[PDB]
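Encoded as structure tokens, the following chain is the form deposited without its partner chain, with no partner shown.
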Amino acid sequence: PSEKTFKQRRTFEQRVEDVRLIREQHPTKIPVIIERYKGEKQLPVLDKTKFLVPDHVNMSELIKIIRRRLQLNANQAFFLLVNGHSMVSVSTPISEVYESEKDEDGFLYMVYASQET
């Protein structure tokens, strides 16, 4: 097992350089880190945590992709918290979410949990 998050496993400079390369090789993708909330207990762990998401995909669509990857029941509660906090618009394309919520290192960080607060 690894206890470390992506940010704790890669230096700031390594992450900035990852984003630059992804930017040049995938100009219409947003680089997103999706991790399980640090003490989450109902939801399983995702197999992978690092994704490229097409600019046009909105949060509603991303949520349903991740839920399906987690093999969740339709009724199970799930929230995807961007840059620390519940997103109010779910129609917004992720390219625009990125503009308001991207980290200083250039990644977009999300955590998933069974509740919003």
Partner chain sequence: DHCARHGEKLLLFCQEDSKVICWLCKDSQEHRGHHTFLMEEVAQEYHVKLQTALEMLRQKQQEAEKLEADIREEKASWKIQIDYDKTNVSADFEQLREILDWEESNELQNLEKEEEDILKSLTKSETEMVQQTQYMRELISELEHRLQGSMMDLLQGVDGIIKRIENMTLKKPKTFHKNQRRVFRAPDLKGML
Given for the second form:
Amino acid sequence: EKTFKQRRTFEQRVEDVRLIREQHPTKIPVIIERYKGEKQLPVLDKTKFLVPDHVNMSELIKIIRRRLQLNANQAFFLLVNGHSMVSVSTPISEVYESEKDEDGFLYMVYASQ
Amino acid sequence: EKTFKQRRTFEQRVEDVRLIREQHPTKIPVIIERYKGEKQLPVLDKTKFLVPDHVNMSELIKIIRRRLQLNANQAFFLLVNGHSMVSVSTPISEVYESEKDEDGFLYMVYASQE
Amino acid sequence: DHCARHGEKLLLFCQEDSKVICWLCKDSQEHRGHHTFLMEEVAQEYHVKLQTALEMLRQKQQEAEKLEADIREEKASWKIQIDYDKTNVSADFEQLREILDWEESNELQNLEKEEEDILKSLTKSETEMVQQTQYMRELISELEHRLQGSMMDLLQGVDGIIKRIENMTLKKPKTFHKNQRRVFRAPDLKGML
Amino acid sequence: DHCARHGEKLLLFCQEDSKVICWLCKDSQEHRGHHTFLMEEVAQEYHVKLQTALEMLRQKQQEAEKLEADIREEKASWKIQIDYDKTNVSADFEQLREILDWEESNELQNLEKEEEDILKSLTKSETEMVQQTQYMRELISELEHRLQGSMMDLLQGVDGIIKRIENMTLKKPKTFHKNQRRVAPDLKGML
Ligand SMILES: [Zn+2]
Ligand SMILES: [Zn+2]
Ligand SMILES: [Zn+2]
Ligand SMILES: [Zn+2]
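Could I see the form deposited with its partner chain bound next, after the form deposited without its partner chain?
Let us now look at the entire complex, which starts with that chain.
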């Protein structure tokens, strides 16, 4: 099993970021994958997410909770670049401007164990 | 791992055949997969092949031999619909008109030992 | 009971104010000029009126509960419709991906056919070149034998060999350079979207 | 050696036929009228001529080997070029597939947002409907209490309740039907 950065090269990823930002300027591209060794949670089919600008982290958390088919009681952690900074109230634009990768994407991982 | 008929339904396959025949009328669509229990040969990345009409079975067999990276001495069996009819000289148009599936594709399988 | 403002019994009913009062309240400015009756006089009339009102309210409450069930069933139907639409969109994208796979296979096979043609042409030309090199080697060996052996060996048929060497037209190999094209799908669909 | 046709020694050389013969072959009709010399007279001349010919042929054979190496290198370069082109085409198709995935994700998120909005609107409308049903039940209970209790209970403030029931405008829930669209194979036509 190969991750996203292993399926595509760096320049290809930068070109993808450029083309997507040219097509969807009002949205942010986010790559969300399961942890390397997580067993309690399944693997989502979709890997790429376009999140509006004005939207905060709460809507993204709710999108992930809806995709994963999770009951309300159980909670989960959504780490950015492998490290949590879940200021749920902050808009995702600030998260993008602060913690985006070198290629231009915003990488996140979900776990619970 | 799911085969072609398991990844797509029958009506979807018929629609795919129709679209391909509309786009490439001078070509025949062929689905080629590995045998269910053959181990000596690996699994090819590509599954679909568009073969011209005038072309005979020899070009398809040599394409499969080049994709699999096999020397000339080692031989393999290429069965159509689960039954051998490798008349290498016959054009692929006759093979398609005689042994095509119900949906419209042409299914083949490659094997080697026993 | 008795009145809180004056202390007399509440035996009256004001048609205008709809409040029960006493006789002292009727003469004061609070209920002055209104029409006043006894409570026992309008009891049956208001009783049957409120009975008909109760009938209407029962019917309307039944209708309202039906409306509630209707909106519940509607939101269920709408979630079903949204699921249908999502599956439809995913199936359309899968169809597009399949035809893309087929086009990729077609282009790859075209390039392989072109490679096969070029390679067979170059192999025939290389066969011609190696044949001419072997012919050169054979002539060199014959001339060596001519220069080492007898005088009769040297002179017999020497003009034939000389004339064979006179017509030495060396053959050039076949070649082609950058006279091919193989364009794939240009991102015009991105503008179309 | 000796001649096979006549039996005499082969000591002569015919300038025209380039064949060594005997003296009997010179007078016969086979080599009649031709010019005949001794082998030793033209030996050195033909020797140096063939020496220069050998030198030239060595040079030409080196040139031919160079041409052979050239065509080999050309076919190698062409196979490399074809491999490069195949990888390029596959990479372009993979790029197309990636942007296709991104567009699919965008459309899916749009549909999910629409579903969430519709569901929350319908939930608010359902809350309004259950509130109005509870209000109806409350009014029914109040009228029952009025009709079962005292006469003052029945008559006090009856006109207010009567007029409140007169203005009984029942409220309809919000609804929508078939005013949405999903989504075309124009790329198939462009080819
Ligand atoms: Zn009073
Ligand atoms: Zn009054
Ligand atoms: Zn003689
Ligand atoms: Zn002569």
